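The chain below stands alone and is given in C-alpha cells; this is the form deposited without the partner chain.
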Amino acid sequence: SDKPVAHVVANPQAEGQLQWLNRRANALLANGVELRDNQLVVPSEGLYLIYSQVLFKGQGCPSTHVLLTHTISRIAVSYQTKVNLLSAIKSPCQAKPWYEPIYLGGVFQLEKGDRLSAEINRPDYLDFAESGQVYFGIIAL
C-alpha cells in the first residue's frame, strides 16, 4: 500500500481540445500519478487498469460520413518507445441528434515514467452538456 490511481475529467471550457483536469471537484491524482502536458505519468512499475470514456454528440447527419476515434497511447522512457494501447473507431452517420460514447479499457504492464495520453480526432463533437461524460483514469492492481 498505497496504490497509485488517477481519474481526470475533460475541461468543458477548453474549446477544440480534450483537456484533462484533476484540479476540479470529483477528479483526482493519487500516490504519485501526475498530469504533465495533458498526459498521466506512471510513478511505479506494475499492472494497471487503464480506462477512458468520451461522449460524442452531433446534430443530425452532414454530407457523407463522419469518423470518430478515441485512442490511448503510451510513450516510455527506455528508447522513447511510442506504443498505441487501446483504439476505437465509430461512424455515427448512416435533423435529429445522435449520441455515441467510446469506451477504452484494459489491463497493461506499465513502467516508471511511462506517459499515457487519451486522444480524440473531433473535439467539435465532444459532449460536455453535463458532468461525468468524458474521463480518463488509471488504477494500479
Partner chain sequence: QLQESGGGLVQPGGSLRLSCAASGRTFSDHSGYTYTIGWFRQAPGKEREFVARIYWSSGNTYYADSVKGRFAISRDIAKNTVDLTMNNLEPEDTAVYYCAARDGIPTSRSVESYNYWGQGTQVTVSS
Contents of the next structure:
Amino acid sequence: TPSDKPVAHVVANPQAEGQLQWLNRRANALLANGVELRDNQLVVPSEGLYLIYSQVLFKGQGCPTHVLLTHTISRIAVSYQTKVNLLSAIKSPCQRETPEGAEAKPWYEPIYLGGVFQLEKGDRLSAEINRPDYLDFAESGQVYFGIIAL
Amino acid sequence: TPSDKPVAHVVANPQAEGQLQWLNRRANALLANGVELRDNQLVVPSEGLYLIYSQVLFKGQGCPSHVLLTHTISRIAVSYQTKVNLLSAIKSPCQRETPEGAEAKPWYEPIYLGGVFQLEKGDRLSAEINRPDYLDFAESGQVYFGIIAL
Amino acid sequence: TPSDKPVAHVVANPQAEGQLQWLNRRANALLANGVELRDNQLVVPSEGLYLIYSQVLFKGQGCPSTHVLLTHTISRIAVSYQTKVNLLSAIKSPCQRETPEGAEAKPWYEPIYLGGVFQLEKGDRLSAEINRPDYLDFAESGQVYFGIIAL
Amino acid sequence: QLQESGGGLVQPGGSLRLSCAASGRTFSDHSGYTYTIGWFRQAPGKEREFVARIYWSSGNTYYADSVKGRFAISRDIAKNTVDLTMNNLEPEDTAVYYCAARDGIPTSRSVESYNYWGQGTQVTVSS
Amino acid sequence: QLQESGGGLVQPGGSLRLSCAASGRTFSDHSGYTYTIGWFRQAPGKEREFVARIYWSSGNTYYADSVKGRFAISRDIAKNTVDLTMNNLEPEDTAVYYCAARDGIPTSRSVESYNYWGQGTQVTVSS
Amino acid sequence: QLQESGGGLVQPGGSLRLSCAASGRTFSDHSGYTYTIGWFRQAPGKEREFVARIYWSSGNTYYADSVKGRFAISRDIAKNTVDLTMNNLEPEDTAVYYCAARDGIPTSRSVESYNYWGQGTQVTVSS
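The form deposited with the partner chain bound is what I need now, so please give it after the form deposited without the partner chain.
To see the whole picture, the full complex is given below, headed by that same chain.
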C-alpha cells in the first residue's frame, strides 16, 4: 500500500455457512495503515473523518410469510460502549406468495450504504444483515464493506 | 472536527411532516469547514472536487395505482442561477393497483446516489424526492445527504 | 480542475444506440490529472488507492414470459496479468410475472449503485458494464455514470 | 364527508377500535397525490390534540409520543375506512375522538392543517 | 414478415395511428435478447429517415428530435403489433412510413442496421 | 420426519433424481427463520460427506466442489419435498445418500450441524 491513510475493503467469505463473515485475505481486498478486522468488525486506528460503505446482495426463488431484509452499518464506541446505526436500509421483496403450481423465478436485491462520519480512535464498525438464508456471496464483488480516512 | 476539508452529512428530520427536511443538529451528523445548510440546501464554501452522495428510503403498503418515485441531487450555480441534475434515480414499486381483496404487504425501496463533481464557491446542492407520502425517515441512518471536498 | 489528484466522472452517451457508451464531453463530467477514456474504459495513470463507483438505471414496461436477469459490474483489467477480474458486481431481476394479456404495461425502474476503494496499478483499465442495453435508461442526465478518484 | 364509528365505554387497560369512513367522495378519489387522514382527540376543556396520521396512498404513519407503541392507525382500502386500534387505555384517554382529512400532503400535524372533520366519537375509559 | 396498416389522409394538426404487425414469425419469439422495431419515413426524392425505435422486450424508446413529444411508439404484446401514434401533424410529415425489424440489438439508428422491412404506408397531411 | 426416494442403479455418465419428503411436520412450519435441508453421502467404509444444501425460505444453495455444476438441489414448496438431480455420474459417486434437516440456519456444513436424518437411499454407479 503506497498511501499513509487508514483503509479497509473487506469481502464476504464465499466459503462461510449461514453467516456474513468479513475477509481481508483475498485478492482486491484491503486492510492497511492501522485498520483491523477483529470480531467481524472494522477497528478505527485514529480519530478523523471516514468514508464508510457496504454492499450486500440478496437472492430468493419464488415467494413464501413476508420477507423483511435489512442491511446496517453501526458504530460501537470505546467510550459510550453502545451500538448506534450510522447507515441503514430495508427491502421487503415478496409482493405475493408464489401460487401453488406457478414456477419459482429467481429474484435479486442489492443494497448499497455509504457516508462520511467523524469517528474516534478505537471505535468499531459493523456491517450486518438479519437474514443470512437470503444472502448471495456466491460470486466476487457482490458483498463488501469498507472505510477510508479522509 | 480535526480535518481542514469542507464536509457535510445531514440527515432527515424524523419530526418533520410531509417533507424531506435536512438536519445537522443530530448525533453522527456533520457540517464543518465552511459548508452551510441554508434553505434545505448544502452551500459550497470553496471551489474544488467534491464527492456528493444521498440515500432515501421509500415505504408503502400495497399499491394505489402510477407510483413513480424519484431521488435527485441537483446543482444550483451562483453564476448561471439554473438548476441541473447531477445524480438521478427512479423507482417504480407498483406494477398494478393491488386487487380489491389482495393483502397490502409493506414494501421498502432504498435509493443511493453518489459521485465526484467539480463545484464552484457559492454553489447550492439539493437532494430532493417527489413523494414525501412514501418517504421513510422513521429510524436513524435511512435518509441522508453529504459532501466532502477531495 | 484545481486538484492534483487523478479523476474521472464519465456519463452514458444519451445519443448512443443499443450500447452503454461512456463520455467525458458533457457538462458536469470529469477527466483530469492523467485519467484517460480509451476503449470505453478508464485508464489508471499512476499507482495508488482509488475510490471507484458506477450507477446504471434500468427501465422496462410490463413483463415478458421470460425472466429478466440484469447485471452491472465494475472490473479490473491489469497491464501485467492481462486478465479481467470483477471488483464490484450486482444483479436485479425485475419481473415476478408476465403482464396479463390485456393489462396496461406499467413502467418499472431499477437503479444499481456500485462503489469501493481499491489498490490499482499504473496502466490498469477499469470497465463498467451491463448485460442488457435494451433495458438501459440513459434518457435523462445523472442516471448512468462511472467514476474514479485517487485517494 | 367523514364519519367516526366505534367508541364508548372501556375498562382501563382495555382496548377499543375506532373507524373513519369517507362518504360521498371516497379516499381513492383525490386531485392531489393522496388523502392524508388524521385522528385527533379533545379532552373536556383542553385543546384538540393530534393522535395519529396515515397517508391513504402509502399507508405510512405518525403517532403522538404518548400513543406510539400502543395505538395503531391502518387503512382498509376495500371498505374505504381508516381504523384506529387503541390498546393499553387509561382514564386520561377519555376524550371525544375526531377523524380529519386533507386532499394533499400537510407540512404540519397542527389541527389548522386539516379542513374536513367528522362529528366525533366519545371514548370513556373507566371502571 | 412485416405489414404496416393505418395511414392515408389527415388534416394538419390532426392525429394518425400506424400499426406494424409481424406475420409468420411473431415478435414474441426471437433467437436474440429481443426484436428491435423501428419506424422510418421517406419523403419523395429525400433519403429514408429514422422516426422511432422500440425494443420488444423492454418497450424502451428513442425518437428523432422533430417527433419527440408528439409521436409515441408502443408495443401491443397481445396483438403482436408495434404502433406509432402521430400527433400535431404538419404537411412536411407527408411520406411513406416503413416498419423495420432486427432480431437483436442494433448499435445504430441507421437504415443499414435493419434488414427486414414492411412494404410501407403512405401518410398525407393536407387540408 | 425425513424420507428419501429415487436412487438405485445408473450407468456411469448417467443421471438420477433423489427426493426428500418431510413427513409429520411440513417444511413451511418452522419456528425459526427457515428449515435448512442438506444432502449427504456415505461411501462404504468412508466418512459421511456433504453434497448440497438448500434453505426452504430462499431456495439458496451450496454444493461440494466435486458436485458443483453437475448436481442441482431444488425445493418443491407445494409437494413439501427437496430434490437432488445428479448428472455426470461416476463409479466413486456410489454411496448411500442421506437427507438431513435443521429448523434454523447452521453456521457449518458439518454432519454434526444436523440432528434429523432420513433412513438413506443407495445410489450405485456401474456398467
